[PDB]
Amino acid sequence: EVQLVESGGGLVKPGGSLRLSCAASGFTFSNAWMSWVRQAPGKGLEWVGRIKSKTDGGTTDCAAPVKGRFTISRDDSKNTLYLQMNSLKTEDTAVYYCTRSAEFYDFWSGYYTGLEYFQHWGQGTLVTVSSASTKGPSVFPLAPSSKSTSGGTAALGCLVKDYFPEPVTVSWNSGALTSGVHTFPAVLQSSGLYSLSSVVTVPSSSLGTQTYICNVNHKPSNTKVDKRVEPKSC
Amino acid sequence: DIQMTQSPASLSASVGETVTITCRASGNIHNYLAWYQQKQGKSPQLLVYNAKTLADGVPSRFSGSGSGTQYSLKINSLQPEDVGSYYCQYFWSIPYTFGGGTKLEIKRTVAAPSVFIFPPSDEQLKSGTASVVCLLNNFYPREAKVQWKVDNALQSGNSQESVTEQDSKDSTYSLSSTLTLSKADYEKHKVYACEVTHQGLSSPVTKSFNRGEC
Amino acid sequence: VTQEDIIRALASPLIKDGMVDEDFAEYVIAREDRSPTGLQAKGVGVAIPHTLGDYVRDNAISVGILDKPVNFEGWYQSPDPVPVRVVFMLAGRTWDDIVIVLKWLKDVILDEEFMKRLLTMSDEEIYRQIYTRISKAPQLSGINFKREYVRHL
Numbered sequence: 001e002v003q004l005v006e007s008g009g010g011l012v013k014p015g016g017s018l019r020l021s022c023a024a025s026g027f028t029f030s031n032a033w034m035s036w037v038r039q040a041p042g043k044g045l046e047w048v049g050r051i052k053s054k055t056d057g058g059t060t061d062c063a064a065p066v067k068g069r070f071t072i073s074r075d076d077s078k079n080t081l082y083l084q085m086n087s088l089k090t091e092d093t094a095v096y097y098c099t100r101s102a103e104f105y106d107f108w109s110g111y112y113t114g115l116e117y118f119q120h121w122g123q124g125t126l127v128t129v130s131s132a133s134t135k136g137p138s139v140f141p142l143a144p145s146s147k148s149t150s151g152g153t154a155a156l157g158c159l160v161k162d163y164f165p166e167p168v169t170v171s172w173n174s175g176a177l178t179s180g181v182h183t184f185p186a187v188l189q190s191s192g193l194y195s196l197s198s199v200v201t202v203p204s205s206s207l208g209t210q211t212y213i214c215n216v217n218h219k220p221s222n223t224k225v226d227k228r229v230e231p232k233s234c
Numbered sequence: 001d002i003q004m005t006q007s008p009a010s011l012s013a014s015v016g017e018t019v020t021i022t023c024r025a026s027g028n029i030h031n032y033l034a035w036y037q038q039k040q041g042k043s044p045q046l047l048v049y050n051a052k053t054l055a056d057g058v059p060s061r062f063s064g065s066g067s068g069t070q071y072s073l074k075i076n077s078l079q080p081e082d083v084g085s086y087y088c089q090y091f092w093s094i095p096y097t098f099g100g101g102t103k104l105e106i107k108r109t110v111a112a113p114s115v116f117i118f119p120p121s122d123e124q125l126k127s128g129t130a131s132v133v134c135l136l137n138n139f140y141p142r143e144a145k146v147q148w149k150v151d152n153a154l155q156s157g158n159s160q161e162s163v164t165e166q167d168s169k170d171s172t173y174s175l176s177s178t179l180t181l182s183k184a185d186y187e188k189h190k191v192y193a194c195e196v197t198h199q200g201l202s203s204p205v206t207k208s209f210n211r212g213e214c
Numbered sequence: 004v005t006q007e008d009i010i011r012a013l014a015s016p017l018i019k020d021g022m023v024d025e026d027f028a029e030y031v032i033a034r035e036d037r038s039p040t041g042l043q044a045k046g047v048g049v050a051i052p053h054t055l056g057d058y059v060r061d062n063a064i065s066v067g068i069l070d071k072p073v074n075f076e077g078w079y080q081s082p083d084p085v086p087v088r089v090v091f092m093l094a095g096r097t098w099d100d101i102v103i104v105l106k107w108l109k110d111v112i113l114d115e116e117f118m119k120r121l122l123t124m125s126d127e128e129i130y131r132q133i134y135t136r137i138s139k140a141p142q143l144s145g146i147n148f149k150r151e152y153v154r155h156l
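Listed in order, the protein sequences are those of chains H, L and A.
233 is the number that the authors' numbering gives to position 233 of the first sequence; each next residue is one higher, with no gaps.
137 is the number that the authors' numbering gives to position 137 of the second sequence; each next residue is one higher, with no gaps.
57 is the number that the authors' numbering gives to position 54 of the third sequence; each next residue is one higher, with no gaps.
Watch out, some of these pointers could steer you wrong.
Only pairs whose alpha carbons sit at most 30 Å apart, straight line, appear in this in silico BS3-like list of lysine-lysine [claimed, not checked]: (1) L/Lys207 x H/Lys147; (2) A/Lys149 x H/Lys54; (3) H/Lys135 x L/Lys42; (4) L/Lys52 x H/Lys43; (5) L/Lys190 x H/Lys227; (6) H/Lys232 x L/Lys190; (7) L/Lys207 x H/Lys232; (8) H/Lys227 x L/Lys42; (9) A/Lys109 x A/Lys71; (10) L/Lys149 x H/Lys232; (11) L/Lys39 x H/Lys224; (12) L/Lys145 x H/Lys232; (13) H/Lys224 x L/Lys42; (14) L/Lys126 x H/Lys67; (15) H/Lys147 x L/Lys52; (16) L/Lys107 x H/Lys43; (17) L/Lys145 x H/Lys147; (18) H/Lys227 x L/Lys52; (19) L/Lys126 x H/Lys232; (20) L/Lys183 x H/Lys232; (21) A/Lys119 x A/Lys106; (22) L/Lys183 x H/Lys43.
The set of hints was computed from the structure by calculation and includes no laboratory data.
All chains, please: the whole structure from these sequences, using the hints.
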């Protein structure tokens with residue numbers, strides 16, 4: 001029931017501006033204190049800022065490295081939390097999370113207060129600060145053959161090459177085939193583009209009767225690719 | 001500002017052990033500490049708050065303890081699905097500092113990799129490049145050496161590795177190594193091979209193919 | 004007793020009334036280290052700890068009388084810090100509200116007889132004298148000040 005749906009993340013040039021949104025539902029948004037937390041690729045969580053509810057002033061606080069550059073606001077009529085970014089730097093590249101702080105009731109004062117630990121998190125939205133431009137992937141088959149077979153089992157996959165920015169999702173047979181699937185983490189090459197592979201192990205008896213398609217979705221470029229992987233017989 | 005020092009940064013542990021992660025605060029934080037778990041590709045989930053109170057739905061084998069500046073998260077009877085990262089957090093006042101994090105690895109029996117190789121696709125060739133993929137499947141431990149040879153010449157500065165995260169059920173790794181050559185270079189040479197060194201292999205294993213055969 | 008003990012003691016009644024956030028003392032301490040408020044005015048030392056930002060719900064003032072002087076770093080730079088016996092803790096919503104009180108406090112601490120009564124009167128008499136002086140300052144009067152906001156330390 002409690003849901004925090006974030007959007008607005010994407011690619012933006014250094015020194016530019018970008019605004020994130022967090023649509024909340026399943027709780028009384030106007031009473032909740034809300035926060036932002038970010039996590040650079042491969043790094044740890046870092047607190048960004050907080051906004052109080054209107055009855056508690058509706059004021060904000062932000063971490064020192066981003067104070068004076070970032071602005072937090074809310075629109076209780078839309079049940080939406082915002083993070084406004086200005087003068088963005090490469091070191092702002094991170095997944096940004098929307099969070100709801102815990103509610104504590106103060107007996108002596110009679111007021112509610114927010115405690116800054118987070119039970120409910122948004123799904124996160126990736127912000128990429130780079131001068132590079134958006135590029136969709138090229139998808140190439142990794143065909144099964146005697147060189148990828150061992151013990152009644154054959155390996156096959158798809159090569160997702162030269163895309164920017166993250167992320168890309170890969171499923172097999174429209175999500176039906178999930179067992180034995182390995183989608184590798186993307187690796188950033190020196191060209192500035194990303195590449196990854198996704199492989200799956202299937203019974204060799206099924207080659208020639210079962211069709212294997214890898215579904216590649218690169219939402220930053222709005223690119224969907226369905227590549228059939230044909231078996232090699234020789 | 002309060003600083004949180006989380007130790008150890010990395011942790012490897014066998015199934016069934018009791019694992020202890022510690023956080024030391026730069027000042028007395030009076031039990032205003034939370035613990036989080038983050039699995040790969042997922043958002044963090046709260047485990048403990050007020051240093052000792054288990055969050056809703058959290059398995060009882062988790063427990064937090066401590067006081068003053070010293071706190072600990074204990075995981076009793078470690079399970080393979082506990083692989084991931086763990087974070088402490090001070091939450092009483094600005095800047096609500098998260099610890100640096102602890103990455104948890106599961107220790108298991110040695111498992112040798114299955115090695116597969118894929119020549120480049122004809123579609124990629126037409127574009128003027130050639131990627132050769134060597135796949136290492138379901139192995140443990142993570143440490144592995146993968147060397148590319150083209151007509152018995154070792155390749156340097158033209159390959160890229162990627163390792164999956166530890167499987168949440170069998171605690172094994174998979175690894176891909178991708179050798180990228182120009183189409184002109186790929187067609188000049190005949191034998192393409194990846195040599196794999198791993199603890200579960202008595203001798204290094206070489207998977208090869210001859211260009212054009214398959 | 005330390006400056007931290009003073010600030011926590013004077014913040015406690017403001018926290019209980021919800022005049023300020025529960026962690027108000029953590030921000031006053033950080034501000035006092037960053038910009039000290041020790042003042043020397045005619046043989047009596049005064050400190051005016053306060054905060055900037057959004058940690059105050061309602062303007063308030065909390066007064067502490069020290070039996071023995073404790074050192075505060077000077078508002079103005081010098082060696083030999085200020086031995087303070089009267090502490091005026093300020094809870095101000097904005098920077099503009101704090102300056103208003105600083106105006107009034109300057110006239111207060113320059114009133115010699117007023118300050119020396121603070122050092123000798125009881126908690127109840129300190130309240131009545133201060134609350135009366137507040138009522139006569141229309142630019143302040145709304146500020147929260149209660150009997151519970153006076154303490155000997």
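Hints, verified against the model:
1. L/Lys207 x H/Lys147: At roughly 8 Å apart (the allowed maximum being 30 Å), H/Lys147 and L/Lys207 satisfy the hint.
2. A/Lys149 x H/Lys54: holds (27 Å)
3. H/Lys135 x L/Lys42: The hint holds at about 25 Å.
4. L/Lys52 x H/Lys43: Answer holds: L/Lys52 to H/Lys43 is near 26 Å, not above 30 Å.
5. L/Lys190 x H/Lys227: holds (28 Å)
6. H/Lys232 x L/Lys190: Cα-Cα ~19 Å, so holds.
7. L/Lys207 x H/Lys232: holds (17 Å)
8. H/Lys227 x L/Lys42: Within the cut-off at roughly 27 Å; holds.
9. A/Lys109 x A/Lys71: holds (23 Å)
10. L/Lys149 x H/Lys232: The hint holds at about 23 Å.
11. L/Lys39 x H/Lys224: This hinted pair holds, its Cα atoms lying about 27 Å apart.
12. L/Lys145 x H/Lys232: With Cα atoms ~28 Å apart, L/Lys145 and H/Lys232 stay inside 30 Å; holds.
13. H/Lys224 x L/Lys42: holds (23 Å)
14. L/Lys126 x H/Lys67: At roughly 51 Å apart (the allowed maximum being 30 Å), H/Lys67 and L/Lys126 break the hint.
15. H/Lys147 x L/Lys52: Cα-Cα ~54 Å, so violated.
16. L/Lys107 x H/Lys43: Answer holds: L/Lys107 to H/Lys43 is near 23 Å, not above 30 Å.
17. L/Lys145 x H/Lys147: Cα-Cα ~20 Å, so holds.
18. H/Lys227 x L/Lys52: At roughly 51 Å apart (the allowed maximum being 30 Å), L/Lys52 and H/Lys227 break the hint.
19. L/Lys126 x H/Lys232: Given pair L/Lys126, H/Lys232 holds - Cα atoms ~19 Å apart, limit 30 Å.
20. L/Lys183 x H/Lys232: holds (21 Å)
21. A/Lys119 x A/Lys106: Answer holds: A/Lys119 to A/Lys106 is near 20 Å, not above 30 Å.
22. L/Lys183 x H/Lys43: violated (37 Å)
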